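K.L.:
Each chain, letter by letter, is given below.
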Amino acid sequence: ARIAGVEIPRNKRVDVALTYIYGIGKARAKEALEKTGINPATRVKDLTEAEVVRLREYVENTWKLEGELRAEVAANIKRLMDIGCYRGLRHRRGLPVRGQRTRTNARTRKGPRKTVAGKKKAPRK
Amino acid sequence: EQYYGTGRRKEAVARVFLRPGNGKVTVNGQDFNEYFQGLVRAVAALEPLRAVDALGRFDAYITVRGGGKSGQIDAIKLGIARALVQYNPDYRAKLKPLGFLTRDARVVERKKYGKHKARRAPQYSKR
Amino acid sequence: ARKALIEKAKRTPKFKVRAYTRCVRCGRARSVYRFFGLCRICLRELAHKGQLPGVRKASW
Amino acid sequence: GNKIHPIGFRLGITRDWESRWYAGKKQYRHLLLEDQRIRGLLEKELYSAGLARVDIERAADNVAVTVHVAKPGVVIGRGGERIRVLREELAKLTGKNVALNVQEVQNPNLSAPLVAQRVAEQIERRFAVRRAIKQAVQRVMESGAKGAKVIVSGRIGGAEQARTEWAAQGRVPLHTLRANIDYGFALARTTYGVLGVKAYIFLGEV
Amino acid sequence: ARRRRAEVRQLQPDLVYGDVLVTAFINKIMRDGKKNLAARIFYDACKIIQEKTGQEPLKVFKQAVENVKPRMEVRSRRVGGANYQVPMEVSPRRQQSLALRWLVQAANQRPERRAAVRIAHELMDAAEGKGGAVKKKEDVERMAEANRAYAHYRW
Amino acid sequence: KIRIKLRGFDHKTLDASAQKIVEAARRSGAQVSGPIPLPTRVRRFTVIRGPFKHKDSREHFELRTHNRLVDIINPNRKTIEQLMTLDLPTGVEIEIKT
Amino acid sequence: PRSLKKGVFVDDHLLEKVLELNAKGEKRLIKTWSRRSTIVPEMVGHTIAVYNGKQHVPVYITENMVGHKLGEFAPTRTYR
Amino acid sequence: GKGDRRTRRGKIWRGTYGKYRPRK
RNA sequence: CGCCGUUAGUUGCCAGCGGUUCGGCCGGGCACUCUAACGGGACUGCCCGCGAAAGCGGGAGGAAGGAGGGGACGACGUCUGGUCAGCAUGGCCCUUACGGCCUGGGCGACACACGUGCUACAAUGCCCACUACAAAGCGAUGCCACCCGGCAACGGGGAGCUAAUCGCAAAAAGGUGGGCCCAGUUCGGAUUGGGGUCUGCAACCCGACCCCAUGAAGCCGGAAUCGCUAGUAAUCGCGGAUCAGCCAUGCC
Ligand SMILES: [Mg+2]
Ligand SMILES: [Mg+2]
Ligand SMILES: [Mg+2]
Ligand SMILES: [Mg+2]
Ligand SMILES: [Mg+2]
Ligand SMILES: [Mg+2]
Ligand SMILES: [Mg+2]
Ligand SMILES: [Mg+2]
Ligand SMILES: [Mg+2]
Ligand SMILES: [Mg+2]
Ligand SMILES: [Mg+2]
Ligand SMILES: [Mg+2]
Ligand SMILES: [Mg+2]
Ligand SMILES: [Mg+2]
Ligand SMILES: [Mg+2]
Ligand SMILES: [Mg+2]
Ligand SMILES: [Mg+2]
Ligand SMILES: [Mg+2]
Ligand SMILES: [Mg+2]
Ligand SMILES: [Zn+2]
Numbered sequence: 002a003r004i005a006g007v008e009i010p011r012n013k014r015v016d017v018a019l020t021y022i023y024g025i026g027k028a029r030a031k032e033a034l035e036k037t038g039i040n041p042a043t044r045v046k047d048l049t050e051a052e053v054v055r056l057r058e059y060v061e062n063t064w065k066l067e068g069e070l071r072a073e074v075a076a077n078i079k080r081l082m083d084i085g086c087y088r089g090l091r092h093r094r095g096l097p098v099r100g101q102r103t104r105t106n107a108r109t110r111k112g113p114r115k116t117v118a119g120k121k122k123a124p125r126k
Numbered sequence: 002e003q004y005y006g007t008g009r010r011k012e013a014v015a016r017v018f019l020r021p022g023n024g025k026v027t028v029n030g031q032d033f034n035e036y037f038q039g040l041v042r043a044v045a046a047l048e049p050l051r052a053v054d055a056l057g058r059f060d061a062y063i064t065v066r067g068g069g070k071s072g073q074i075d076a077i078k079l080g081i082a083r084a085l086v087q088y089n090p091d092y093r094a095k096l097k098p099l100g101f102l103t104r105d106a107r108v109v110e111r112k113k114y115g116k117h118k119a120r121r122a123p124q125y126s127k128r
Numbered sequence: 002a003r004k005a006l007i008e009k010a011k012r013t014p015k016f017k018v019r020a021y022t023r024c025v026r027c028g029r030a031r032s033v034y035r036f037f038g039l040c041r042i043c044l045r046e047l048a049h050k051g052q053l054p055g056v057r058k059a060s061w
Numbered sequence: 002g003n004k005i006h007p008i009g010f011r012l013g014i015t016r017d018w019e020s021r022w023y024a025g026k027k028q029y030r031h032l033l034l035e036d037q038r039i040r041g042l043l044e045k046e047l048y049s050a051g052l053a054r055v056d057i058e059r060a061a062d063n064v065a066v067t068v069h070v071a072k073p074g075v076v077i078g079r080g081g082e083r084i085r086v087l088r089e090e091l092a093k094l095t096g097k098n099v100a101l102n103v104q105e106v107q108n109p110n111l112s113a114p115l116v117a118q119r120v121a122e123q124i125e126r127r128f129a130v131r132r133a134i135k136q137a138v139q140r141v142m143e144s145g146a147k148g149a150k151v152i153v154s155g156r157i158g159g160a161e162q163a164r165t166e167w168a169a170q171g172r173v174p175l176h177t178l179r180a181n182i183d184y185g186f187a188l189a190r191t192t193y194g195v196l197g198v199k200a201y202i203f204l205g206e207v
Numbered sequence: 002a003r004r005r006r007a008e009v010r011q012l013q014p015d016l017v018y019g020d021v022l023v024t025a026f027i028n029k030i031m032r033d034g035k036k037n038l039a040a041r042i043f044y045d046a047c048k049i050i051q052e053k054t055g056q057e058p059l060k061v062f063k064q065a066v067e068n069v070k071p072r073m074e075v076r077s078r079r080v081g082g083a084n085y086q087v088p089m090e091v092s093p094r095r096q097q098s099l100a101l102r103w104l105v106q107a108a109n110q111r112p113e114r115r116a117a118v119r120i121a122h123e124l125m126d127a128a129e130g131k132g133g134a135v136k137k138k139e140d141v142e143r144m145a146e147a148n149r150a151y152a153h154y155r156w
Numbered sequence: 003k004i005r006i007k008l009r010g011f012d013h014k015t016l017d018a019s020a021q022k023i024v025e026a027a028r029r030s031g032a033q034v035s036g037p038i039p040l041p042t043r044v045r046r047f048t049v050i051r052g053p054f055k056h057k058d059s060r061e062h063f064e065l066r067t068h069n070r071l072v073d074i075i076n077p078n079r080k081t082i083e084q085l086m087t088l089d090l091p092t093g094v095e096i097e098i099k100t
Numbered sequence: 002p003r004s005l006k007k008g009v010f011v012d013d014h015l016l017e018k019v020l021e022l023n024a025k026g027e028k029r030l031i032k033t034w035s036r037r038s039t040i041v042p043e044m045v046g047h048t049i050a051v052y053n054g055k056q057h058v059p060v061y062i063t064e065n066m067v068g069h070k071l072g073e074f075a076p077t078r079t080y081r
Numbered sequence: 002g003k004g005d006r007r008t009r010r011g012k013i014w015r016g017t018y019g020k021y022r023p024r025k
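Protein chains in written order, with the entry's author numbering: chain M, 2 to 126; chain I, 2 to 128; chain N, 2 to 61; chain C, 2 to 207; chain G, 2 to 156; chain J, 3 to 100; chain S, 2 to 81; chain V, 2 to 25.
Among the hints, erroneous ones may be present.
Claimed, not checked - Only some residues are given here: those of chain J computed to face chain C with a beta carbon under 7 Å:
1. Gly10
2. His13
3. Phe54
4. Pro91
5. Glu95
Calculated from the structure, these hints are not laboratory results. Don't be surprised by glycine CBs; every beta carbon is placed ideally from N, CA and C.
Let the sequences and hints guide you as you build the complete structure.
P.N.:
Encoded structure:
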């Protein structure tokens, strides 16, 4: 059904389904099911309208999820770019932030390789 | 009453005790068929028996330690053929030509420096 | 290394996290087997001289 | 770049250890250091005695020390003199009540270390390298020995392009553990750099 | 093999059919030295052979194997020019192995969700002369010989 | 109890530690529990053969520490004055804790 | 991921120097080399010259900056 | 796989312990 | 390392008896396994065939047969090979700095390129639960059983070990049950937000581990190219050196 704000999981197990929501996955599913009282195993189709409700009125009113998360997280980063902060510069620049190496391997944070040339004579090794 | 053989395979040592009986084997305080549970080998550790006519004419209790159950399996396979020679020693006529009394001296090879895995040498670049 | 830098000898190092072994023999700071107090080479050299007891070459 | 140490190679057999004790992990470290400290002293103030090996046994505070010299005059001194100063020179550093037995070397030219030094001593004095060596070997051969070999490294004759000089007679079966092949090395500090001197002496099988 | 000739290893016979042409097949099904997995795959495959046909699996197995091994293949060679695909015989020990291998590879091409089922259906289909695997055999033999022109390197 | 565990670096020299330490209360004296082996502890050092680079040569050393048990059952004190005051080997150690 | 449990470290060379300036006026530029000291409420308002390994730096210290360390605001190496 | 730290086997590789691989 | 023997029983067990809190737990044995010492065994010795002889081929007996398997062991010399930065050492050079002490930063930078690796792209698989079977090691300014607190890292208590006796210690693939349904997924675990624990005077630059959220690339890799002949490759985990901690996926 429509468990969390503007979101809709279906037709696989409920615990796996709620993963499809933003601030939720396994860990928060195993919990919000045990605490809500629904068997984790049933397909989403087989949930009592009453059950979906006990789930939805819990999951929403107990956790920062979806947009409310991914917009505050984005603002949680603007804060670092707001002040002087290193990670802020490191966010502006677009490089690692967890103090990794950048000479090889920042490919995920940078994006695909922007290849350039060499010099005159040198090893083309 | 008693009959005995040792048996070894990759530092795995079985202790075999043959006794007149019904075929009910017991390894480490357990049924032979529920200690080697699911291992499709296992039934292969008795091959000296079903090849000199034994099996259910005999019973066997067994101490085993060191290694992993397949070595433990082969070390039994030996230990029985040994105890079975401590019986009628003529058990060799049609027992030795089949192997059984041999001791597979194949052992894990030493890890050597400059290689990853004794023989697996490190790969390289520009020759 | 520099004879000056030989001062792990310097008993008080303010805090232990500045304390660092050197080879008692050659002063190397970089392969000091705790047991012996020797570095990689000093270890091998003395071993061959037979000056550190009960140490053979291992073969297995 | 080849060749292991003919002593260290044979250590289990033919040739035994120089230091000779036992010690837990909390001990060995500074204990062994001491042993070397004693060896270090036992060459500065003991050079001219012509010393081969400094054995060092040990029980709990019965640190042996058993200096092997060819000329046990200079070790003992005039009367029993020099060996009194040194026994209490080993007490200044090692607080562990030491001995200092001294066993003479019967035939110095059958112990490689000594041989090796005589050759090095000759060269530090300016001398005939290529001759000195063949001499040094003949001595080790006229003194018995089933064979012997001596090597001086390079900058031979105060030269320019380092060399390596040879000379070897009889058998020197470097690959066999049933050997007994003394090995000694002497430095030879000269006017123009060092020169390594190795000596080998084969004396009998089993 | 510069020096000697190398003997084929004599593999310990089966535990259920007592056949060495089986542990042969079982080794090839094996990966990363997990032999128990392999047996559990194959003996299971035998149980599915028995379901979808009254025939003993061991005569079904051997049937497909014989049906797969090639009588000819090609082997590149040169003196000059370019690599000439030379047709030639397939010496029995190799027919044995080429068949076993292709069988397994072909088996693992199938869409069948699990192995054993894959093995069964591939073991079956090959007995019936169809099912890719025999693709290799035929498309080997057909592609060899089609270079008859270069068969004058008999060996 | 008369704990007497012997440990050094040489095994030839741990016979000059169990033989006379039994040949004292062996057939004349008491009984003795016989010199029992006890597994040894070896320590490997793996030094790189040259100074400077050549990552792949190395050379292995070891420092084997051999053991024995003994334990003199039924302790008359006459053997003791003979046992506690008779020794021979240098590089050996004794532990005594009844 | 943060890290410090209890004893939220703030080096003391300027821990009292910051609050000795909270007895009168906020003195302009009170340089340190302890880029390791955490910012703490009594630091709000001042201006700390943190070293680079090369230069001290005018770090005007606001309200958002608190959990952090000064070094986070005095960038070391310099880039293309 | 051995990469995920929220797995049993990802924790055996790490040689560590946690919610995902308790120490008995 | 592989077979057997003698010596040795605070490790060993329905071998064989007594008790059982059914735990070798206890009395008690040293047979067996094992631990670590000393031996025996193997040499083409025996057999058939070819050979002038060495030797070659098969066969027997045997744990093993032709070098049974793996080490350690590197000839005269070669590359004016590497190392003045481990250490020596000739010469040359600096001597209010080319020496010395500090605090801080850098060796961890990032348009890019290569080497060696790790984790993958999955069903011969991933997850969870339960249940087996190792070897080699390390350990008192230590390893930490066990009991509490905590989702956990870990914190507070606390037994035994100076170690075949106590602990690290869980081996893991495996086996039994359960789940997942072909999907960028219950594959993969990068990245980033947040909260914590720990070691250290101190974790911003720049530590490891835990938990929550995130869940990127990756559907087996162009031209090229590497390793391995048998307990090998392949795969699975376990330990050690260095070391407060750790960037180890490295090494042994
Ligand atoms: Mg392996
Ligand atoms: Mg110097
Ligand atoms: Mg340190
Ligand atoms: Mg080599
Ligand atoms: Mg996963
Ligand atoms: Mg009873
Ligand atoms: Mg034995
Ligand atoms: Mg002959
Ligand atoms: Mg040789
Ligand atoms: Mg150079
Ligand atoms: Mg500094
Ligand atoms: Mg670097
Ligand atoms: Mg490169
Ligand atoms: Mg708890
Ligand atoms: Mg299942
Ligand atoms: Mg691939
Ligand atoms: Mg080969
Ligand atoms: Mg460590
Ligand atoms: Mg590691
Ligand atoms: Zn050194």
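K.L.:
Taking the hints in turn, state whether each one holds.
P.N.:
Consistency of the hints with the structure:
The beta carbon of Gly10 (chain J) comes within 5 Å of a beta carbon in chain C, closer than 7 Å, and the hint placing it at the interface holds. Given the 7 Å rule on beta carbons, the hint for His13 (chain J) is violated: about 11 Å separates it from the nearest Cβ of chain C. Hint status for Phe54 (chain J): violated, given a least beta-carbon distance of 12 Å to chain C, over 7 Å. For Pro91 (chain J), the interface hint is violated, since its Cβ never comes within 7 Å of a Cβ in chain C; the closest pair sits about 10 Å apart.
Because the closest C-beta pair between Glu95 (chain J) and chain C is about 5 Å apart, less than 7 Å, the hint holds.
The earlier numbered hints that this structure contradicts are 2, 3 and 4.
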